[PDB]
Structures are given as structure tokens and as C-alpha cells.
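Asker: Single-letter residue listing:
Protein chains: 2
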Amino acid sequence: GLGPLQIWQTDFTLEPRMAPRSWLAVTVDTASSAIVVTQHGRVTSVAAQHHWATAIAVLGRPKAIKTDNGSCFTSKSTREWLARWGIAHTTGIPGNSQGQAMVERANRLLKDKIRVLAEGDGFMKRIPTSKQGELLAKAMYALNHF
Amino acid sequence: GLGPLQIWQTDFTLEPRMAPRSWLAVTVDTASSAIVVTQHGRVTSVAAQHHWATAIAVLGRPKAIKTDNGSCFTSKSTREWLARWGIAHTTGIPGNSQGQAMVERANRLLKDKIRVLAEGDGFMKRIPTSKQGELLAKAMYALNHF
Numbered sequence: 054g055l056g057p058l059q060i061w062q063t064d065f066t067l068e069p070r071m072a073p074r075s076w077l078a079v080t081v082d083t084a085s086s087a088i089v090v091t092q093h094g095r096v097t098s099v100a101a102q103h104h105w106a107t108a109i110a111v112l113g114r115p116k117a118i119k120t121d122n123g124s125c126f127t128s129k130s131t132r133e134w135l136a137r138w139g140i141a142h143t144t145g146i147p148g149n150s151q152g153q154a155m156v157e158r159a160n161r162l163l164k165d166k167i168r169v170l171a172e173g174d175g176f177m178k179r180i181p182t183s184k185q186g187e188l189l190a191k192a193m194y195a196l197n198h199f
Numbered sequence: 054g055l056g057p058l059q060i061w062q063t064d065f066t067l068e069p070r071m072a073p074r075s076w077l078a079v080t081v082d083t084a085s086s087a088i089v090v091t092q093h094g095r096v097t098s099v100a101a102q103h104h105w106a107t108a109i110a111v112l113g114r115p116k117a118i119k120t121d122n123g124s125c126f127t128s129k130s131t132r133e134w135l136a137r138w139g140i141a142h143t144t145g146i147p148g149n150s151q152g153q154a155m156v157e158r159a160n161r162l163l164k165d166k167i168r169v170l171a172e173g174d175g176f177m178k179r180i181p182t183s184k185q186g187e188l189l190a191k192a193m194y195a196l197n198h199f
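Residue numbers (the deposited numbering), protein chains in the order written: chain A, 54 to 199; chain A', 54 to 199. A prime marks a further copy of an entry chain.
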């Protein structure tokens with residue numbers, strides 16, 4: 054009733070231990086702080102939509118999503134995908150202050166956990182392709198359900 | 054405190070509109086009724102573990118999981134994966150009554166929603182490979198967050 058508004062912050066961050074699909078799309082729900090992450094081979098408009106599709110099935114549909122002015126976020130294709138869902142989009146204050154400090158903190162936490170868990174299993178550099186999936190799920194589990 | 058126990062029921066069901074990865078692994082959390090589904094090319098022990106890895110990141114770690122006696126569920130590899138996580142496994146009453154009526158109801162609901170949504174987008178038969186992912190996420194969203 055008076056609970057937090059369902060606004061998300063989403064960003065892409067690069068992680069060479071997950072190559073070839075080293076681009077991680079990360080979404081923080083600012084109401085509950087849950088984190089959602091997916092892996093992509095390239096940072097395109099289609100990869101952001103695929104990421105939000107998965108986040109929507111996991112967290113439910115938000116009232117709005119805050120992103121930066123990356124092209125994969127302000128392109129026509131992406132503005133139409135968001136309108137088809139009824140989700141408002143804002144790139145925040147124009148010149149900002151980066152009102153997406155949350156996703157940026159999530160990004161560092163996420164890369165740390167990936168590195169500790171991978172090193173925990175003997176992978177000092179790249180994680181074998183076949184192990185990437187479970188480790189990513191595992192880092193996401195440790196970050197949400199502490 | 055007195056809330057429901059966190060027990061899951063999981064099963065695989067076949068869906069030719071999602072081919073080539075037409076095997077759907079579906080998990081119902083009997084405490085909250087949420088549904089989790091993932092797509093696989095073959096029904097193996099490794100595909101069940103990958104499915105639960107994703108369900109664990111989405112729903113948190115359960116106290117137990119109820120399955121049937123499929124080999125991909127009672128194999129050594131799978132019993133060890135479950136022990137590594139500390140999750141109890143039961144195949145229920147031996148000769149049963151099928152105390153996994155829930156996952157079976159979820160399976161029919163899920164296949165219906167997939168068919169209505171696909172037909173809604175003009176796909177009377179197989180769904181194009183590139184559209185499978187979002188539609189699956191979409192059916193999962195409609196079934197959880199009604």
C-alpha cells in the first residue's frame with residue numbers, strides 16, 4: 054500500500070571469465086534489492102529485451118526501468134518493446150548524477166562473487182563454457198538469498 | 054514460523070512447438086505455487102541439475118525435492134549434485150499414488166499458455182527458435198504473477 058515503488062535499474066558489464074558470452078546484463082529491483090543477471094555474446098538491443106524478458110518472469114513486471122543512454126536502451130526497437138509491455142523508461146536527470154549507483158554496486162559484488170566461486174573450483178582464468186551457467190546461477194543465488 | 058515447508062516437485066514434459074529444445078523441465082514450489090521452467094535438448098541427468106540450478110537462483114534453496122523414478126533423477130551424478138547442495142530427495146510412496154499431482158497440473162497449464170500465446174503471434178506449429186526464449190519467459194510470467 055505504502056511499500057516501495059517497483060522501479061528497476063539495468064546495466065551491462067563485461068566479464069572475461071564468462072567468454073565467449075562475457076557481457077552480463079544485470080538488473081537490480083530497487084524495491085527489494087533482488088538481483089537478476091543473464092549472459093549475452095554481444096551488447097545489442099535484442100540482448101537487453103531478452104534480459105528483461107527473463108527478469109520479468111523472475112521478478113514480475115515493474116512500473117519503470119532506469120537505464121543510461123546506451124544505444125541498445127534508447128533505440129526504437131527497445132522503446133517499442135517497452136511500450137508493448139507498458140513499462141515506463143527513464144534515463145534519469147539529463148546530465149545526471151548517475152541515479153543508478155545501485156546497479157553499479159551490484160556489478161562489483163557480482164564480479165567478486167564470480168571470481169571467488171570460480172577460483173574455489175580451480176578456475177583461475179576463464180570458466181569452462183559448460184560450467185558458466187551453474188556458476189552464474191550460483192552467484193545470483195548467493196547474492197539474493199544471502 | 055508455521056508457514057509451508059519448502060518442498061518442490063519437478064518433472065520433464067515434451068513440447069514439440071519448442072523444438073529443437075523441446076524438453077521442458079518444470080518445477081512447482083508447493084509452498085507458494087510459483088512455477089519455474091527451462092528448456093533442454095535432451096532429458097539427461099545434467100539437464101535436471103542445470104534446471105535446478107536456475108530454479109535455486111529464482112526460488113532459493115528448498116528443503117526437499119519430490120521427483121519420480123526417472124533415471125536422470127535417481128542416477129549417481131544427480132544424487133551427488135543434490136547432496137552437494139544439502140537438498141533432500143524423495144521419489145515418494147514406493148508404488149505411490151503420484152504425490153506430484155501439482156507438477157502434472159502445472160504441465161498442462163504451461164502447455165496451454167504456450168499454445169495460446171504462440172497462436173496469438175501467428176505460430177500455428179513450431180515457434181521460431183529465436184522467439185522461443187521470450188515466449189517461454191512470458192508464459193512463466195503469466196502463470197506466476199497472474
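Bear in mind the hints are in silico, worked out from the structure with no lab data behind them.
It is possible that some hints are incorrect.
Same chains, same names: a pair is fine if it fits in one copy or spans any two.
To be verified - Calculated cross-link-like contacts (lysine to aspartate or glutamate; reagent style DMTMM-like; alpha-carbon spacing at most 20 Å): (1) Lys-116 - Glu-68; (2) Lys-116 - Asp-165; (3) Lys-191 - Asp-174; (4) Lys-184 - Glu-68.
Asker: State for each hint whether it applies.
Answerer: Okay, the hints, checked on the actual structure:
no., hint, verdict
1, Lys-116 - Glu-68, "neither (29 Å within a copy, 33 Å between copies)"
2, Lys-116 - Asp-165, "neither (30 Å within a copy, 28 Å between copies)"
3, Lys-191 - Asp-174, "within (12 Å within a copy, 34 Å between copies)"
4, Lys-184 - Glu-68, "within (15 Å within a copy, 26 Å between copies)"
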